[PDB]
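A.B. asks: Chain by chain, the residues:
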Amino acid sequence: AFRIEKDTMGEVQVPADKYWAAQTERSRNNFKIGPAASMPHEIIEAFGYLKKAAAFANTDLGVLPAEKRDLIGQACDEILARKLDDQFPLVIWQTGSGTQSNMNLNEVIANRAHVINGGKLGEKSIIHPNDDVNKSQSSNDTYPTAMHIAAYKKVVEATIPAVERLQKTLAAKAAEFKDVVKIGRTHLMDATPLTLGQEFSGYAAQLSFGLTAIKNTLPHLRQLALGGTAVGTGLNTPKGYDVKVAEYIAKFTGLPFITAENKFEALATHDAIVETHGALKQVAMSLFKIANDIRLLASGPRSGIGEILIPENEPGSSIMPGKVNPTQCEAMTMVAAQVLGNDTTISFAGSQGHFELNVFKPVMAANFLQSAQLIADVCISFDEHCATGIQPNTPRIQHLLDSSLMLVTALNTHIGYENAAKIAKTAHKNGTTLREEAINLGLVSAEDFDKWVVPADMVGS
Amino acid sequence: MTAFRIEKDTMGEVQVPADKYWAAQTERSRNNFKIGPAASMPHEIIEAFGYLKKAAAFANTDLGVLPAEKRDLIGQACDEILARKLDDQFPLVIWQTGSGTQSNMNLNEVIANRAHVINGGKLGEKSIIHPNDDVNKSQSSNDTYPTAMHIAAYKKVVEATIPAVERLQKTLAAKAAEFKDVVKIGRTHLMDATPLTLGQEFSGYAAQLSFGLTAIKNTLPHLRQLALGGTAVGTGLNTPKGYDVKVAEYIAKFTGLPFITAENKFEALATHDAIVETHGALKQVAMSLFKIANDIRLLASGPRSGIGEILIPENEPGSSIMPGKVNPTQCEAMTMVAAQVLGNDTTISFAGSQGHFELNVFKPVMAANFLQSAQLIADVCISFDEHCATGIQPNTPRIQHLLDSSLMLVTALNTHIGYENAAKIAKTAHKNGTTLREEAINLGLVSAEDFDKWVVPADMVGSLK
Amino acid sequence: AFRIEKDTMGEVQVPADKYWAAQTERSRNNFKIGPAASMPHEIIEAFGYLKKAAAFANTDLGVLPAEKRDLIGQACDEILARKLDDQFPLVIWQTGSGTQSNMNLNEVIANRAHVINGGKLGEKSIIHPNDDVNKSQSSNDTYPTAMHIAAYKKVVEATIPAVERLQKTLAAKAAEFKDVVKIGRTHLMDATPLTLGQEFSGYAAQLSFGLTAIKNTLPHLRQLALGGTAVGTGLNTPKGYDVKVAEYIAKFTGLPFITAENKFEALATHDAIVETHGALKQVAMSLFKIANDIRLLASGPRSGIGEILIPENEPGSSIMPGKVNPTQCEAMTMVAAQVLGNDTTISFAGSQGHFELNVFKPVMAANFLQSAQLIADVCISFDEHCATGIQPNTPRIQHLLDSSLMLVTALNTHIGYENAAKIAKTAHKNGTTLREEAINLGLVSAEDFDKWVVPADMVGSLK
Amino acid sequence: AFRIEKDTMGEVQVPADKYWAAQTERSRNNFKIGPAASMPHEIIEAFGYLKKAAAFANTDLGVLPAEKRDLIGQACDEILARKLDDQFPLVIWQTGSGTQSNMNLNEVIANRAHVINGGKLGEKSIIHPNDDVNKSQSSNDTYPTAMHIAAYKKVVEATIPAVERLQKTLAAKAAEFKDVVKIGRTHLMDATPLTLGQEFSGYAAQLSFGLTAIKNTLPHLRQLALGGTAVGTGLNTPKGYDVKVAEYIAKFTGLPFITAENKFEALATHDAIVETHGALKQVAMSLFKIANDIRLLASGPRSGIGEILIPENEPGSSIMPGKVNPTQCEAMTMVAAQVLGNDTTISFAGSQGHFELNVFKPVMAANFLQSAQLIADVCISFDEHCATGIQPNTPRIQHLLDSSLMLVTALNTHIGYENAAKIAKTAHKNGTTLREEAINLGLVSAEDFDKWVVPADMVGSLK
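Protein chains in written order, with the authors' numbering: chain D, 3 to 463; chain B, 1 to 465; chain C, 3 to 465; chain A, 3 to 465.
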């Protein structure tokens, strides 16, 4: 049922059918914390790319035979094609450098290479997990490299396109609604007019600024630690490895990775993760506000605001029959709340490096990838199932527009602030219209009032 | 423009502004930590130091290690600090050494020099009361600064914060009783729901503050424990036997508050876990207050194009441009204080994790953030109570219109016709712009008699009859 | 491979073999956010208890036939026995009330009950998901009730016992090490002596205070919303239902649940979750400090502090051969960092209720249960694989103790601060001992020095 | 004494000699929250700039007479010259739009202008606070404009120069110590060598990245809301106002302000403040790490690491005579902890806009300005009083370098990982050196050991 594998600390019984070896099995047993195998699959995929890249670079620089490169490459291709997912059983909550997941890659690739070459599991592998699979490497540069590959891939392939898709919908709605005049609200109180398209133009601008803020963070994020080995010096790397291995990662992923400018910064900190996550959090706070506005505007349908109609996707209540809720808005606001807490966790962890190494790598990686993924997923969901189908509730908009006492603001440059205030305050106290009191107070003729107070003329242009 | 005199410490001579009662170490700190506004160390911490330094002198004299003549001069100088006569003798910032050594020595130097002058001496002479050997006898910064933090924190919470939250809680409970018969429409997800009384809604706000008051009070047993007697590392090195309990007796006497010595002096130096504990309760209260304030501004929104179920006091003009606008400005002040308290909770929690070995050296930043939360919650609860909550009234006609309009009054039919048939009525009323009663009858799903029997808003605010 | 199910909005194609129905399938398709089936299994278990209790209470109060109660109870028992885990496909990131997971329970119970009774999956069930399984209920009171059952269960059955286990080990170490005199460090700089036992007594006291702080929050947490229904009024509940259903949940769970004192507070807020999570976060900040001290004390083995030995459980490096790291300390500090962020999320969500309902329920539930579980798991792991095996490095401790020039502090009450500062500065300049310079300057005699500057006598008050 | 002033709500007793009027006095009395006059003076200063700019733009566009512009400008110049600081008594914790502080500017400028023109305080001003001083404006566009002027000025005139000053010191130290070989530590355990200069080069690179990250946020922060008025539409502004007023603000400040691209974004959000603050917070988490490392490196003198010598600026203890602490490091770590909490507050508030206006403006402004100023001040302090004076403790560095068993890593490419592990583990078990055991195990000759295990050859790539 078990076979014997060895590391420098002794013999370990390993499930006889699994490709991992002693150090993986120790970690599996010694860190029973949270759900099994919680290390993000994106980190394992990133490891497949960088272990293949290291083997290719080592062979080009004359320190690894091509025959060993090809076996390592084949095992990495299998990991990448999702053939060995059950060979990675380790948790986030392991050593803070990710040594144990690095050794999980090294052990699985070594044993699987042995079988690819015609051997049997339980035999000494032709490929050594440390001397061959890990040649010219440490956990300390490989794990950060996996974090930046996985982070950068998710942001450019998932998060940015999802935010762009929603931004384009909001901008399309701003144009669709450019002639719908509604009442502004400030402090939640009745204000002066704006178009529903103007209001949506603010949401669209928020996401355009957010996109720029995320993209600004990509030059730091594309920098890879690989080549810094144990402490950042590149001890035991061949001359030129740092640039050559970054070039192979860029080729295999199709993404613009470069070697990190300062390998001490790249090991002792995750400042690039802090930087990019700050921009994800900025987008999340903007999305919170947009979602919250859309549910306020949709509130009702009879006893709220009710200025917009949203798609009705599912029953909203188990007890209130026929109720429908702004449930896509709720998912977005909850995802935003999660991203803010993830920012606390990443910022705290990012302060806590000691000397040559930040040992909070897995918790920073898992929180980062959750934020990037959930922002991408909820932007797509919100776009598909809410934002694309928003329409005005025109009769309700018109009533709420004509009802505002703060249409009196149009009179300021004709009669002055104090006189205009007396009209609005008198209408409020009496339950009357602005026009009725402008006339009764002797402050504006009926004729001037009708010329001077026109909501369609109060929206700029 | 300054005249000077020479003071010295173990590192050398320092030029000190000639008429100031502080000495070499205060003047070093004043010059070496030009961080934020001058004199930012909270006055409540200086006041707390006045109490504990006087207590230490009384205890030391009772335990035979300080002459009564020196206790008396130390007490006179402490009484001047407590009388707010020496505020200009405390120039140091929050952002100093993280133990507060420099503020401890600010107290020691001012008390030593002011004692010498009270006694008939001249500033510039070596004091008859030594700053380290006499004013600081049986003490460290490491136990005095935490003691000052707990005296100040406990005093603010019991004298200011709790009474202010209690005052607002009582108003909310009074309004829950005042509005017990006012039937309004509930909203869930911001969507029209089933009836509840305005009294019931305010009862929830009142209950939230009752829970939060219990949560703060549960934290006081840890907060009333004082570090004084731990000295350098927690061991009580250089304290007379009995000093820890005796000096806590004197602090309790002078403050009138029930302080006790800490059970574990290592915990009391190496951590500020009591500050983390009590501030988490303040932050709980802040998150409740945010929700209460946000609901009150939603309920008051309009006056014509919002919800407008309640009338709130109109205290000031709301806008510089929109003439006659009035905003729910007390609600805004409360939401902003609550956002501040949550950030203070991040700072305190982070700092509270960062102790090393025998000492947590984030003491001033934990102290300053704690005291800001405790003070702002107290002030904004009083302001909100005085200027908003006591004046809330229902907008009766607007309540009645929004109540009668809800299609979710149909929920009263569920136990009589089932969920699916009730949904048909509400969906059809929605599609046609009609009333529930006219579609129940149009569809033949309910008789007039049963519709009026089963759909009564006043019956929907409790259990089945 | 699909059958047609209906809700009040129309027809839905449902996977033909699944016990869920239209509303579950809509949610599963409309909320493609994060991994599938992310709603915590603890929330589904808590739903099993409360759905069974509601059916039992409804029959007792004459509104649900016993035949329907029995079928609901059997399906709930299967949920509780983890026989139907593949029937709950929905995510955290759904509607913020948990309506869709409530309707997932109601649909799976209704269809499973139909099949238990001899029907075929796909026929309209004998048990209606809204009228029978959900009788006298809303999502708005069931989901908060599931949150409190799951939260209270996890804190009292997992988190508190784990923290108690580690507290007991730290207290035992405080006794084991009571006579080990070591150097204090303040600001990371050499200070005066304390015992290694005293230092561990601090850690043990931190966890004792934290346990009290958690337990103080349990009276609010065991209050259940069940009976508030849609907006807190108990619309469509029989008189007495609130108390009766809480009594059933307390009996089924063996835990002292009661009906909530105020059902408006119980629906419109999750203030009890904020309260209890604040206490978990306090314990987490204490644990971070304890774990960080232990790794600093174990640092080396030759070029660090090195005052303690800890269990060496696994290789530390892929490149530095023979390196071993304080890996259990690292897992605990990373879990602590997670709990602080979870407290930000929970506090932010807790502020954001509107009117009768807080609609951040699933995100508050999932963050809460993560903190409570990870603190339990990491305290057990740390205790087993680190704290139980801590031992002093006897000769290293003695070297660092004898080296501190701040042993001169023992002279203050004999010769004064200034004279002591002179002895320290004289030894430092000359690279001599405190004893040599105290005798050299005639400030203290050999016999007085050897009686007065004894590290073992510097770990308590005078006398 | 008092005088009666009036607003549209009624009569108010105002302190008789003060230039403010009814609305300032209402706010002063209605918001007794925290210490008086807490609204940041940088916001008042930014208001002086923008009110003068608005008057100039209004006169150019023919809606304000030049005689009123000139009086408004003279009063704004007095505010800018810090002559009227006692005329601004309001708190942060006022209305969330800052209406009351906008009206404080309007009232003080109107009344001071009347007095400058030869009138008596308490008469009706020749300049109306709303119709003249606030012509073409709202609180809703003026207060965000004040926020961005203040924020941008503080970042580019204070925060960036201060961080640049420390970055350049850390880069100079990286170069000074480029040949000082010391031991690396990973997980706090003995690792392989790096130069003290390499270690400093990491700190210098962290602040270079953070400076780039702050500067990336400046294009959004330089955008001004002014011209949006009440809801973003520019109601009651003359054609061309938005661009002209920005041009006057840029001229008066000397800073590259422009009008905001979208006035709805500029009123309904403070997303630029969230963006820039996130960058301040990134720098703060880097500074925390740098300061913590410097105190760990300085720790001792005997009980710690003690690889560097730092300036000794003051006594460290009231009780331990001669102790000196890394106090500049402590101030920096405390500021950094403040900045992270400030980021929680700003992020939370940034999410909380409703419809056309975010009404958390004062709390966002005050937390932003505190972060920007404290980062500036503590970087200057740490540079002057610590970083500029760091030097190596040469023999301590050499002892800790030579002591590391992970120097064995030099052998990996000669004998393999497993044989290198056998040498280090055997030295550890026997309490012997790597060299003794490499020879005793027969794995490496003395001559090969001496040629291969050379720390100065382990700080870069293979030859």
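Be careful, since some hints might not be right.
[Unchecked claim] Cut-off 25 Å, straight-line C-alpha distance, at most; resulting in silico cross-link-like pairs (SDA-like, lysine to any residue):
1) D:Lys427 x B:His387
2) B:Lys126 x B:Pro91
3) D:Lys8 x A:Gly75
4) D:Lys431 x B:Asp133
5) B:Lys85 x B:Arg167
6) A:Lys427 x C:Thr396
7) B:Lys246 x C:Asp459
8) A:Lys431 x C:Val65
9) C:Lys465 x B:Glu314
10) B:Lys424 x C:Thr396
11) D:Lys431 x B:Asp19
12) C:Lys465 x B:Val245
13) D:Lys253 x D:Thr61
14) A:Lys34 x B:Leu82
These are computed hints drawn from the structure, not numbers from a lab.
A.B. asks: Does each hint hold? Answer for all of them.
C.D. replies: Outcome of the hint check:
A C-alpha spacing of about 20 Å is found between D:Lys427 and B:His387, which places the hinted pair at or below 25 Å, so the restraint holds. Simply put, B:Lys126 and B:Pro91 have alpha-carbon atoms about 22 Å apart, close enough for the 25 Å limit, and the pair holds. Between D:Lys8 and A:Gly75, the direct Cα distance comes to roughly 82 Å. Violation of the 25 Å bound is thereby established for this hinted pair. For the given pair, D:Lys431 sits about 72 Å from B:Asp133 by alpha-carbon distance, which is inconsistent with the 25 Å threshold.
For the hint pairing B:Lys85 with B:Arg167, the CA-to-CA distance comes to about 32 Å; that exceeds 25 Å, so the pair is violated. Annotation: proposed proximity of A:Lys427 to C:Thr396 holds, straight-line Cα distance about 21 Å (limit 25 Å). Restraint check for B:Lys246 and C:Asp459: satisfied, since their Cα atoms lie roughly 22 Å apart, inside the 25 Å limit. Between A:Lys431 and C:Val65 the alpha-carbon distance is near 76 Å, which puts this suggested pair outside the 25 Å criterion.
The straight-line distance between the Cα atoms of C:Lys465 and B:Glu314 is roughly 68 Å, outside the 25 Å bound, and the hint therefore fails. Restraint check for B:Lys424 and C:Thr396: not satisfied, since their Cα atoms lie roughly 81 Å apart, outside the 25 Å limit. In summary, the hint linking D:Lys431 to B:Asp19 is not supported, as the alpha carbons are separated by about 62 Å, beyond the 25 Å threshold. The hinted pair formed by C:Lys465 and B:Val245 meets the criterion: a straight-line CA distance of about 16 Å does not exceed 25 Å.
Simply put, D:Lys253 and D:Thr61 have alpha-carbon atoms about 16 Å apart, close enough for the 25 Å limit, and the pair holds. Of the supplied pair hints, the one linking A:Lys34 and B:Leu82 holds, its CA atoms being roughly 24 Å apart against a limit of 25 Å.
In summary, the structure is inconsistent with hints 3, 4, 5, 8, 9, 10 and 11 from the numbered list given earlier, while agreeing with the others.
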